[PDB]
Amino acid sequence: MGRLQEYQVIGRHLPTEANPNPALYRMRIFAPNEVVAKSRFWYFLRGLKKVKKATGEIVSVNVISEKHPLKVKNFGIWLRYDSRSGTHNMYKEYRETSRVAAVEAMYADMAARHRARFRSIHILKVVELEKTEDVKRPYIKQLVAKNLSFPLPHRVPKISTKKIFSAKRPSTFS
Amino acid sequence: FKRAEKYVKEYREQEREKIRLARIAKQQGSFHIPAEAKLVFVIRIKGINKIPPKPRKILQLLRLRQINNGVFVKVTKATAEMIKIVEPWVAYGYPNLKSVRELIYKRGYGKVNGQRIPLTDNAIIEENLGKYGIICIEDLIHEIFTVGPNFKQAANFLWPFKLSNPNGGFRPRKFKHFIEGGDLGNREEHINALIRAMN
Amino acid sequence: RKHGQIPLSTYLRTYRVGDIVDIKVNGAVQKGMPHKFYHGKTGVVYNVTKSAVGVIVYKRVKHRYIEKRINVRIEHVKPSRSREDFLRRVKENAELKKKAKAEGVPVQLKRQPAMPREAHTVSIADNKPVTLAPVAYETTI
Amino acid sequence: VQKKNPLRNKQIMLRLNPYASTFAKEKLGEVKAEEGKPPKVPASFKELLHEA
Amino acid sequence: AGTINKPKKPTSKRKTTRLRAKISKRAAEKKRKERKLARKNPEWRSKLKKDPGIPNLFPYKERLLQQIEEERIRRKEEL
RNA sequence: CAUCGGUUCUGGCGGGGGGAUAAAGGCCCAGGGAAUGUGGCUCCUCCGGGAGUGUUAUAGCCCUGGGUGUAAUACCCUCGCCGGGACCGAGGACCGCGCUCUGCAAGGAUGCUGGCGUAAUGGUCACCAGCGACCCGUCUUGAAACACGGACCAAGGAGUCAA
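Protein chains in written order, with the authors' numbering: chain LS, 1 to 174; chain LF, 51 to 249; chain LT, 20 to 160; chain LC, 314 to 365; chain CL, 2 to 80.
Some chain LT residues judged to face chain CL by a derived CB distance under 8 Å, without partners named:
1. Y156
2. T158
3. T159
4. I160
For the record, the hints were derived by calculation from the structure and aren't laboratory data. C-beta: ideal position from N, C-alpha, C; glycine also.
Whole structure, please, built from the sequences with the hints as guidance.
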């Protein structure tokens, strides 16, 4: 759902005379920008507690950058999505380099495979699989295999679309 | 000259004060909640056809009678409810100093005897707003940006801004909320890019 | 309103012309009722009598309003606090303006609506934020 | 007879604002921040940032 | 079926304006009738929603159960 | 063509600020750990390679803290500078606001140069080409359709006068 970033959004209920120090609630939200991040925070907080935007305040919004974006990692995403039947769980895994990239790939994959949009997907947990035996789906169990070397058969050469006519028939072996 | 020097120093001190307060709160292990924005810039981005009477009346009271008309609004509950009602027709957010000064320099027109006179001289501002202390274009920009005691008089003296269409266009679906992927509603500090494109 | 005896402080309220009163029809006593409409309406006293008051209401007919004068007993009328927020404000503002003129420093003379909040610092000591998932884990259990 | 943009015409800019030349000469848009060694972020802030 | 050698009359996908207007009107009336039947429906509806739960394939389901354990223990101790 | 003014499109460059004073990352320092286990050792062998062992060895990796470090860069905001192009020149002594003040980009285009001085520009008509374009009245009703009138042309032809 766009170039996503992860946000620590901390909010709270407005302090009253009865409760001088209300509790602070912190969430990690994948959103394109801070407005969407705060909107999703208020939506999820209305789903859990007696806080809404007119009776609460946003204490903090901080971008959570990935610690090691140059390290290839395996991510497990546990999520719930809405269909015509109802709410369903899925656990999926994605081999990426960051949590935001894994979440973007998840959104594209769920849109492609189950026609679920951003409005009907809830991200419950995103974890890093620290060990290889934590990998369960076969399409990444085949990627974590020892000595993974494969060719690239039938590679169509990248020819410029503005060059209409070519003088020789292209090869698909490079 | 001395007034403009004072205003530039004040802007720099406010920005550094906000950054310093945020850093000190972060260092002592707390969270500095910034003050809520007191100024918004409201642009009407929908036409004049098929509009209900209550949003039509609110859009006339906001002096937004044409598409791509912009006004400065002081944030209060009384105007916030009005903007909430006319949300399907307008896009609003928090402008910065560059947006304010570029708007009043390029599309700055005052209302003199019911006439739209361009702000090409400080003299015009001196006759029409000198009784409130606003004698120059920099003082007008300062009053608009800092929301002074004479913000109502300054904003009413300023004619509604007639902006052009954005360079680069809108989003693919425009008449939809900015949270949903469109352009309506409060986009907060993202109004500045729209002001650059429209102005 | 319970069945039985009417409270007696209804008869001990002193009524003058120009007062703003509303019409709450008491079902127990039949004498001196207004019409079915003009019930729950608020108006101005123009005539006071031994046991009833005259109230000016403004009815609407078609595309205009017509002044109506009604004679309603004291048992169905009640003092209205619509101008209480005006009388308390005018007394408070008058004495405050007198005090401010005596002192020298001008004060705020008009009531202001709800302004946006200013900046403040919230400490996380002993109030550490808790992390919430979109669904509660106890609920998932 | 002709409205001239102060953001393009410097003479109109100096007519409306005499401080523009002083601003450009003293480089007030390129003011460097105050010097000093910045204290590091507390570890509790990073722990709350990366808390799952 | 002898469809390749002798195809039959093609089925037009080009929509008729009258047909589309009638279908839109019928859809709006069906939505209204479903709203009326939902308002007049006497079938029981639970206020609580059944929790879909936690998948078994999640590898840290043990760990999740642990912080649930000390969370409920800390809540009971504080209460 | 040059120098300008107004509007606008587009490209490049020099700075400043912010965040976890980006996150990384490199080079060092101090710990801990594991396998998709490196070297070594052992056992099978088609001796091509596998299997077992353990924590760096004759490869390396991950995690934590510290120094360089106020590192760089990405992203966002912002202050300016330099190019390339298009369209437009309203007004007609001075006045005004100004500035970089012998003057000027400051209340709206001037300077230089060339060809021609006539159908060359321009216009009208006929035709072709690209795009657009249902037959007029009247009536109906909310409207359309239906229906009614129209072969063509010239002249005549319908809210007037009195009280």
